[PDB]
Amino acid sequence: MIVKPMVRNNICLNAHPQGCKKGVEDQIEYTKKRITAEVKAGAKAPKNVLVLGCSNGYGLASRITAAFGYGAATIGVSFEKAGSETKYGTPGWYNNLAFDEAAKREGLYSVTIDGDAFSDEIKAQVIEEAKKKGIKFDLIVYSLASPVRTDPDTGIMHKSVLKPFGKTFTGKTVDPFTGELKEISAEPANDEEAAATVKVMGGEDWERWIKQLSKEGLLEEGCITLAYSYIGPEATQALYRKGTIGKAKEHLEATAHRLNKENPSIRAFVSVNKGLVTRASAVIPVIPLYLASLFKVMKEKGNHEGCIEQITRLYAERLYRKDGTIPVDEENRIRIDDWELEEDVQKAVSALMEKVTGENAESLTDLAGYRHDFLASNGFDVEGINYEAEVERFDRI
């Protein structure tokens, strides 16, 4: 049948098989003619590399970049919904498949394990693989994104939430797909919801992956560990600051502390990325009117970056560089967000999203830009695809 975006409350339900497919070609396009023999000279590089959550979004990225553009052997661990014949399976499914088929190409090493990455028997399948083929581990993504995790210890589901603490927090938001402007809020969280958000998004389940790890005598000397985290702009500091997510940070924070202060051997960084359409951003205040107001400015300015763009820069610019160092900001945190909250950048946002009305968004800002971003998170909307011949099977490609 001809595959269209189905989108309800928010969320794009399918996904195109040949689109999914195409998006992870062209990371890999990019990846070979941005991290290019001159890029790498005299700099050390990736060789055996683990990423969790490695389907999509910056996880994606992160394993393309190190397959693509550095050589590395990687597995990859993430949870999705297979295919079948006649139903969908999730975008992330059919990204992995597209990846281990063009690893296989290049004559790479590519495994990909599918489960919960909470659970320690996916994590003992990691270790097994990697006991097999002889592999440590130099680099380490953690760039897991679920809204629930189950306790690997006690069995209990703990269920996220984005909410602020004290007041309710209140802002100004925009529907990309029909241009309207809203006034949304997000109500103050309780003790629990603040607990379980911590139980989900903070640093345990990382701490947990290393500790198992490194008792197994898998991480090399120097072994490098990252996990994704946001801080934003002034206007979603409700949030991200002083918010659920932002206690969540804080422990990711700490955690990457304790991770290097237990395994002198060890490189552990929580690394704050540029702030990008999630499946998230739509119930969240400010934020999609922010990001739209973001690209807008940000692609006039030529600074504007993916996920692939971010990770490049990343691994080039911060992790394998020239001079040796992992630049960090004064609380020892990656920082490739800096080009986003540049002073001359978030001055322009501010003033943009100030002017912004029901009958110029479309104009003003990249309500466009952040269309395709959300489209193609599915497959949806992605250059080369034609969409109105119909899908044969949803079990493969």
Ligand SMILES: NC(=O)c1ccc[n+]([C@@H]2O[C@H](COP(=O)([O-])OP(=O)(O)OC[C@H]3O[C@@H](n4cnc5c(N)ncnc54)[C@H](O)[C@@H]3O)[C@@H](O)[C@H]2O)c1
Given for the second form:
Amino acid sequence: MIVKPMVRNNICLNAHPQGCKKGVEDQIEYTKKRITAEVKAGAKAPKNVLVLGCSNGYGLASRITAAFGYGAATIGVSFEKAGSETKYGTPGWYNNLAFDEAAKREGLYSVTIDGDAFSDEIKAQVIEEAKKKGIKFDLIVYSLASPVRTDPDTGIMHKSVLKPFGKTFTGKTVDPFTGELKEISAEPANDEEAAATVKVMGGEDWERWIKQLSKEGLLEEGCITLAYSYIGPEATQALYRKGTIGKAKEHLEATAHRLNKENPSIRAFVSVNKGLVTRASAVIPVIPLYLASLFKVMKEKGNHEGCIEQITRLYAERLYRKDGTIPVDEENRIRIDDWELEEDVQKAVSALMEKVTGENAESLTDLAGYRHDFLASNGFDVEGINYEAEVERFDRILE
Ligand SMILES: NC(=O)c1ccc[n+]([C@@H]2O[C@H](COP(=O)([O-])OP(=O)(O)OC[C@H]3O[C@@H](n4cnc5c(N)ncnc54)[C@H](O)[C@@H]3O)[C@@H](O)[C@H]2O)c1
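Any chance you could show the form solved in complex with the named molecule after that form solved without the named molecule?
Complete assembly follows, chain above in first position.
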């Protein structure tokens, strides 16, 4: 069967098994080139690391660099739907198969607990798994992006929204394939939707993960733990600062202080990373247009870093650096979005967005790069993969 992109309502349904595998392998070679001994030595290294949300995006790079850069044991946890012989799985199900295969070849320990990380059953599965192998955790990476969360105590399912407060946030959006420059808007969120997004996107659950692992004595002396976040440009402040994602973000970094205060033997940070193309982007205003214009500028300047290039820098120049310290900002946060929000980039992206219209879209913003990122998340448009070739089965990767 010829597997090619079936993208409906700007969301990609299928996934290319070999393309997912090559993706993880390309991210692996990069890690090996970037984390050399001139960078890895003179500083500590992670020995054992739990990665919550391991299967793609920032999760996958965090886990890749940890095992292939710093030769670490890794326990992943993600929510994936497996393949049949004939039924395509979620991109993550293939990415995790690809991660185990290449980590067996190099003789590293890796187990990926498949299932809902918000649940208690999963927390249990890793509690027993870390105990079964003995050694305890020195890096917990909270990297969960999910639109929904079943509460373990109440049992209520919580949807999340991406909306502003007070007045409608309206602005341009750009369909990356057609190049059509449209006009979508996010409408003010009420009070039921506001607390529901803090219930989901905040640090409510991340706190649970740390408390439970602490009473089980599964954390080392001075263990680093970090949750990912995003601040963004001055344009999307109405969603990311004073919006409903904004409030949820503020709860996450409030959890990072509450965690250092209640257990001084652990060190918690929220890492603010760069913006990149995800499943949310399409139906959220001025994010595709921003990101497409952003790649054009950052490619031109040579400070465009994708997922793996971002996280390798993080480990090497924030956590495990010669000096020992963890460089943070004013409100005690790791800053990796430092290149994105540097002003000569921001001023340039703003100029570019004002002079894009119904036809110059492909022409003066990087829609092609945006397409590649959006497709590569599903195993498509990866170089070195011939897509015309038939696909044997959907429940295994091979080569
Ligand atoms: N792209 C951005 O705007 C951006 C930038 C910086 C940081 N972040 C933050 O980074 C964090 C993770 O981002 P990402 O790039 O990994 O997104 P991603 O969608 O690529 O991956 C999310 C992870 O969650 C896992 N999964 C989804 N629901 C689950 C569940 N309920 N239980 C167990 N696994 C589940 C997926 O398998 C995946 O590994 C998010 O909290 C996000 O806020 C986003």
